[PDB]
Every structure is written in C-alpha cells, then in structure tokens.
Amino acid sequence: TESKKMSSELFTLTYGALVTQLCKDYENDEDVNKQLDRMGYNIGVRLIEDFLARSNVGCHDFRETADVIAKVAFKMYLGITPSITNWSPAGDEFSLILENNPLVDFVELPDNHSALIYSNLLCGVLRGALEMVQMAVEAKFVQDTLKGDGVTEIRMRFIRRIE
C-alpha cells in the first residue's frame, strides 16, 4: 500500500491553524509549548508503527538512530533531510540541523512571544516515536530561524535504553 505524496503547503498552514487555536486557548506561550509537545508525543507513538513498516531498522546504537531519523524519517514525513552534527564525545548527544523547516514556511513570530517554540510538536514526535523503540530521549530546540538564527537546531539527548 503506497503512501500518498504531497506538497507541504497545506500541512504547514494546517499546523499554523493548530498553533493559532492553542494560542487562543492558552494565552500563555509556555503552555502552548507543552501542549504542542504532548500532542507531538501522542503522534509519535502512532507514527512509529507506520515508519517500521516502511523502513528496515531495529535497535543498533544511538548513532545509527541519528542517521535513520535525519535521512529516512524526516525525509519521509517532512520532505527534508536535516544534517547531523556536534556529537558529544560520549556519543549520547547530537544535533539535527534544519536549514529548511516546512512547519515555519510563511510564518513570522509576533514580538514578546520569544518563549514560544513554534515547531515544538517535533520534539514530542521524536520523543514518543523513540520511546516505542525502547529509547528514552530528550529533544529540544536550541536554534530557531523564527528567532533569527541561520538554521533551526534540535538537540537530541539519549537518556536511557528502556528495558
């Protein structure tokens, strides 16, 4: 059963509607951040099932994992291939560098909303999906083009191996 392939524009705008609704429902940026994360988590727990049926993985080590997330999973679900950089010497941390993040196409952050992590849904997705492969991880944004950085950066930290 082949998956349907689409341009990112409707997705981007729909995600935009979700963030707007949440900002109306909460009025507090930190809370929006948290709800985006929780939703992302519930999404990742289901998404990993789809991924493992379209990819031959299952697993290895934290490095192999980084490679599969950037080169296969992001490409498949977002049409982009983030770069992997800045590995910690222990190999328990790495960064995903997103030069182009579809979620923020057509988006510009209003002032004083500096606490808002617009694409925070992605941290929840990552954490949730990885948990289903018996990997506890922490995902967090440390660079965001919406705040003026040259790139968007998601820092990934391996906490433990669920068993």
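Definition used throughout: the rigid core is the maximal C-alpha set that superposes within 1.5 Å between two forms. Positions refer to the first chain, counted from 1. Compared with the form deposited in another entry:
Fit the rigid core and compare the CA positions between these two forms: of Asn100, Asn42, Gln134, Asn28, just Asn100 moves by 2 angstroms or more.
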Contents of the next structure:
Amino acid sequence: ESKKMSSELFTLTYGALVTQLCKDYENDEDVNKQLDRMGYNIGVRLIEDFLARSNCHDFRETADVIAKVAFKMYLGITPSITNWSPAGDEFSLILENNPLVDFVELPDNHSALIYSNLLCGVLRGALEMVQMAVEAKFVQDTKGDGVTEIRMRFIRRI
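Rather than the form deposited in one PDB entry that you just supplied, could I have the structure of the form deposited in another entry?
The text that comes after this line covers the one chain and nothing more.
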C-alpha cells in the first residue's frame, strides 16, 4: 500500500528547509549536524511505515531492501550496490543524480555543506529501529563529481 506524488513539491520543500537552515545557522557545518538530526527523526518514523507496507537478515540483504525497495518506494529511484567489504561490513549506494535536488538552488558560498545530509540520518535512524547500528555518509555528490555515492557500514547489533 502506497500513494504517489510528483517530485516537484518534495524537492522544493526540502530546498526550503536547507535554505532556511542556512539562515538560522551561520556555519555551513552546523547545518549538516541539524540536517542529520532531522533525518534521524524521520528515519525513526519511516522504518515503521516501511515495515508495515511490505515484506532483512544479514547486511547484504539490507543493502538490497534499501536500494531496491525502500529507496524506490519513497524517493522513486534505485541506487546501485557496489564496493562491498570482505565480511559483509560496508558497501556503497550509487546514483546517476542527487535524489533531493532539482531546480531549487542556493547561492554557492557553501563549500562544507552536504546538501542532502538528511538522507544519512534517515538511514541511520531507520536501521537503528530494526535493531541495527550503522553509519552513513557521502563520498561523492553530483560537488562536481561524476555520480552520488553514500557509504554505509554495519557497526554492531542491538
């Protein structure tokens, strides 16, 4: 069960938040902290909605459910799962483009700003609800890069 909408409002609204946080905070980096905390709060609520509206075990499957189901169900896309770790510890999510971006732009004076940092909190918060303590973070952003990459690593069970 899941109702749909166009990206416009969502990306537009998110751009509003980011643009405002840049005013309520004089430091590009304290914005990141807030965006993550905020993402965390959503991730905590999201996991529930998600779980209820569909059908993990080990970390390799979790990556699948995340990039093939979750990411597709909410943000309407499907990142690629590449660059794993010898013991199913760490992986990477690839995107031919930034999911929270389109037509809403901020004056560029923000070099240390991670525009879509909120996604990292969402992931951490969501997983943390399914008894999983992990870590998310960007390592490529469509920042003059070829593609968007989010690195994630299973830290410990709960």
